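What follows is part of the complex, with its chains left where they were.
A and B label the chains in the order they appear, each numbered from 1.
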Amino acid sequence: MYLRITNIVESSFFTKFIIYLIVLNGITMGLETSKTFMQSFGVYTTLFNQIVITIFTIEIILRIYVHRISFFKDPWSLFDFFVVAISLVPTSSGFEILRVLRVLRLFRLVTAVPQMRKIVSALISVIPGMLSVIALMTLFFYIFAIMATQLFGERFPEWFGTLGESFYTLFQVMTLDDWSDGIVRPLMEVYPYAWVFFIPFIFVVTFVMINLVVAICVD
Amino acid sequence: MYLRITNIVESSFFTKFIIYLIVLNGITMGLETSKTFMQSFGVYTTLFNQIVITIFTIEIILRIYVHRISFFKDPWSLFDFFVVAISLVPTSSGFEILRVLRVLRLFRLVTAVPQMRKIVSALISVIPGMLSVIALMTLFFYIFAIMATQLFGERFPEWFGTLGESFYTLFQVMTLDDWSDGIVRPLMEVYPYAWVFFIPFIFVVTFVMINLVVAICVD
């Protein structure tokens, strides 16, 4: 029966059937957004949902027999396992993000349709050549985050009061988002020289990011 | 009479006469902006306007005899047909965007003048090689837009209340426009962890956009 199901799983129809359900379940998840729709077809959709969830475990179960160890060494497959897994935790208990993290299954359209995998893989592949920079930056943030917490956190605890707060604020400055009228001009009403901390922070961080982009535009 | 008009239409004079009317109508539309001007010469320019609109239908009518089916397979010609057609719909009924959309005809200066045509075409040609990325993104947006509506839309309905609103807000975050003091700092007063939703969203979307720019700097 192995080759029987190995012929079911590997079949064009099987895959296209899965893809058909995803786009349907995707359409169905945008409708569960509407408080109106839920009042008229909420039941239609809750069951349709639980149904598709089974079909997917069945598939994932099947795909495993047909592949065994080869499966748990496939990025894309591991993904669909964990994603379907999330959607299996009963609609209750623990955290309610789990109910919300269900919509992660629509990323299966990326997993199950080639070309996406190409582009996603294309994208991801660039990351290894960025790890040296990403490490460098995280050290830098961490250092400045520590300096800021202890230079500005007493008077400005919303923004710099905690190591993590400072991390966040520094991120915002780095995205150059309201950094001046939002953060630094206020700071300077108390700490006139704060511009000496933030202009150098901005130059470095922006410089680094240009280099990183240029590097990607080489490799 | 065909070759007679085919020699009228294809003539340098004809083409240059059209270009002359556009820059004239374009000048005339900027003046229709002034409430002052309209109170003095509004009559002049309403008639001048209907005149140019006739001339353009005549031209578009002529151009169709001279080209027949070759014409309704020309992007640039199709454009002008539609753009002129909009300007034909009476100054009444339906909506008023149709009165306003009339100004789209000044895009004929792009259509009726090469180099422009070249440049526009140069640009557009870059699009097909982005469609794989654009699909990826629109999937990503759609996924997060749904998550956001159901995680933040109850307490923050102006921003995430509806799927469409989440889309808009997510767009704004993507343009990195007032994203922190504007959206996420507020969100965190109620949902401390919202940063776990928006920082990842920012990284991915910015990464992807950098890739897409680099892709265009290859092809």
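One rule holds in what follows: contacts are C-beta pairs under 8 Å (C-beta built on N, C-alpha and C of every residue); 3 or more make two chains touch, one makes a residue touch a chain.
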Request  = Count all the copies in this homomeric complex, not only the 2 that are shown.
outcome  = 4
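Quick note on the criterion: only the chains that are shown with their structure count from here on.
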Task = List the centre-to-centre spacing of chain A and chain B in whole Å, with centres computed as mean CA coordinates.
result = 31
Key: Footprint of chain A on chain B - complex, ascending   = 132-133, 135-136, 139, 142-143, 146-147, 149-151, 162-163, 176-182, 195, 199, 202, 207-208, 210-211, 213-214, 217
Key: Complex interface listing, chain A residues touching chain B   = 26, 29-30, 33-34, 97, 100, 103-104, 106-107, 109-110, 115-116, 118-120, 122-123, 126, 168, 171-172, 175-178, 182, 213, 216-217
